[PDB]
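Coming up is one lone chain in structure tokens, specifically the form solved without the ligand.
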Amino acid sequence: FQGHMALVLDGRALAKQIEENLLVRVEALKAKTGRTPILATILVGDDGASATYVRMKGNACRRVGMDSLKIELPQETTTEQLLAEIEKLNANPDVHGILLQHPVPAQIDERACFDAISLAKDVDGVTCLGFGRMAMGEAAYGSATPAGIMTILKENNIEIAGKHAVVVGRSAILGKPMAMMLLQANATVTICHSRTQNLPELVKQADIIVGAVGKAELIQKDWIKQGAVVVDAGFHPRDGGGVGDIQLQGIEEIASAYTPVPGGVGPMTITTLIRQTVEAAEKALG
């Protein structure tokens, strides 16, 4: 019975492992050039979850020997003001990557602002250009969460080619890039959303299921195919352990492998961002 239980896809462990390599790379770069890699983080407004995510990302920068430039803008910031701040960061040669923490206050055209980030500094992978390049096999930083997921799958030797992957959710920065990344890895990919009919049946057809709906435990455990690889990209704070977008209680009897929540996708989102920032700094300072 112990042997037949699902493989835990341990994002926490993998993130720590990647960070050890990032640290030596950053220290080498600092020694050679005298300069520290910088991630600019932009936090617009007062959302508590956003503030926490930015704090965690800054901490990850420092863990690998980098630092962050913390830009904090008021909740009433306009699109025009945010664009101007991004252009300042684009023009600053000391800034290697730019993170705009989503979701910005809703009066701002978030897409316009994402698209203003220069490709070379798009270390969270949010630009339309970056998405298009990735979708067509050209070099670009990938959207952090789905790229982190691909890394988890590859480093745990999960078979993707020829498998049926079902991505539930189609957001610009998660579901859509996830789908394109899985397609590039030769999965057959189905993309579902709030207007999908027969969702339970489509999920049951999936060899690989990605929950990206932002609704706690929406994906039911009885929809999961026996032996499926289960990736839960959600996080919803709860007293006594947060939960994701998938019912994971007892998942170890159903899945061949799964990402826990917490400790699965979350750490790899942060670490992917920081890795792409190290790559951007290595390029800029070389």
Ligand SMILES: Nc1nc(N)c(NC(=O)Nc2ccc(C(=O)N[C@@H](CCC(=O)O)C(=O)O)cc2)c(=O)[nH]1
Given for the second form:
Protein chains: 2
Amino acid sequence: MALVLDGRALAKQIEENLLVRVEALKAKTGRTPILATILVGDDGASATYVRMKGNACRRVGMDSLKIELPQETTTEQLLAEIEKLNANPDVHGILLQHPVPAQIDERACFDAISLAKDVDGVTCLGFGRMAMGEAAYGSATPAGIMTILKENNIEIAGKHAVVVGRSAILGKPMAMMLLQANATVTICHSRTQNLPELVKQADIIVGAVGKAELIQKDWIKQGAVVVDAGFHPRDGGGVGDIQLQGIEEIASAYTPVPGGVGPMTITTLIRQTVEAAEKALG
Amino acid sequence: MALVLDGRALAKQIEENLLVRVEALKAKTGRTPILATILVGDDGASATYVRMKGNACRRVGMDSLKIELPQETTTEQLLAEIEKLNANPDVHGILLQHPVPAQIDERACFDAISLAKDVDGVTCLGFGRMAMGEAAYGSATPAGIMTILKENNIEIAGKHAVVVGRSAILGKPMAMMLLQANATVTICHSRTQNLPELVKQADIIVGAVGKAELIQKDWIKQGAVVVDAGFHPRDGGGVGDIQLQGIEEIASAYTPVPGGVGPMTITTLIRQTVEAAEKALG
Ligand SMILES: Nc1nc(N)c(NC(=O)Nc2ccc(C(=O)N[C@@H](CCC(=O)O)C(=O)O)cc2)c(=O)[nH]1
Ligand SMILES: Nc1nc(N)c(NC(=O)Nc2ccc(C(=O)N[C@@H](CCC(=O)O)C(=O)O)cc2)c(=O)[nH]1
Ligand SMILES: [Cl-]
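Please supply the coordinates for the form deposited with the ligand bound, as a counterpart to the form solved without the ligand shown previously.
Shown next: the complete complex, the earlier chain at its head.
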């Protein structure tokens, strides 16, 4: 039966020393690390995830600066708001929760965040530096996945990884991180013409499509490592981007949904905020 | 027989347009566009390609500022030279010819070049922006390849492109550019297993390994589009990274070596320098 890649347990374990580090920094400097979170508009899921990230901050002795902007916020207004936070020495990391209202140029706003405070890893600069092996905060969800794979001793070098999805904050960074770990990487998307065929070749499959159980269980290679980065609420248990019912007979290891990639998205953001604060204050 | 993707003809065609644009610019402003070329050490191929790039500048009515630094140059010394060029308003583009002597942090020096003068497309920032669909000068060789494919009406969207090699200035940007053009993209490298099988699945193959004829002709899918980005001087005619002997029987279209990717590497650099000059002097 497949090894459950327990993101919930890993997140809990990691938070233990993050709390020690933060309490050390606060005792040393007399200053509390701050993650500024920006929630723009009325997306309920975005609201929920921002609160979860704030809670996680407080669990390790940090706090959040809660920035909430209306649905009709313009690109110019959000940029100004990010420039305030960039020049705020009391703020050590900046999160802009995706997806912002459609009228806003999200890419422009991501890129306005200073590299030093890009603790969610959304800037083009952060991405390019990561892709080229230079030190950078990685996009939270894919960096969290690499941590899951590494802590669970999952072999990556020489494996064929297939990433289904190519979004700026998930699929693309995921692909580059796996490449950096010496996987052969295939990147698929909505214009891939033979998706089932390619998924069946995957030693490591990452579902990053944001569509409930799009990736069929029948496409999964026997002994594959299965990573499901999706989450879709449903009556009595949500589902991810991959059909996981009966995956225990197929995968060598898999991320459950919930309790897999999700907690480690949050933990990665928090860890990288701790890192930023240490650099800023220490 | 296969379509010859004639990079030499395309380069000449592009240069005719660049010439009239440069002459118009000089007529309007009285100033000549300048590419600063930085050659560090005594590598023969590097000297040759920098000479060819300077020749191309003058063919289209521009000139080059030839910077030649010794073998023992330090990272700090090279950074200082690049910062002088960044601050010089008469210099519109900066080329650092790779590979610099190994004691130099080449990545750090690439990244010191201002985005506005990154006409060879070597910055992390430029790579990141291109990968995310934002405006930036593209790495010369892979951008030249995209142009070859486009201007020969080669179908890319929905095709499986396999890039063999993942270098910072070739393989990685090549893959991100093909992905932006809606190809399914597989990135291979020295740790890749079952390489012959992965190449056989490819609708578009890009050889970027810097090893003479590594990619074997029987690995190529019948009807594939074959792009060879290698060059290795040999008595009686140089060869690339792909066995191209009898390629006309196998490929639907192929870049010859020499006279394919090479000329378009040079012309892409010059075109992007003209663009930089047009912006700066307008
Ligand atoms: N900037 C930015 N925007 C984004 N939209 C994200 N994604 C971004 O927050 N995703 C996310 C998804 C699931 C969970 C999570 O922990 N989910 C729980 C399920 C609980 C629930 O969703 O009610 C789980 O999977 O265990 C946390 C974050 C991000 O990481 N950064
Ligand atoms: N920064 C930087 N460093 C680099 N090292 C390169 N590569 C970088 O100049 N390559 C290159 C390779 C071949 C040719 C070329 O035109 N080759 C001819 C052959 C010339 C001959 O036969 O002597 C051809 O393929 O037709 C031009 C540039 C680059 O583009 N940028
Ligand atoms: Cl809590």
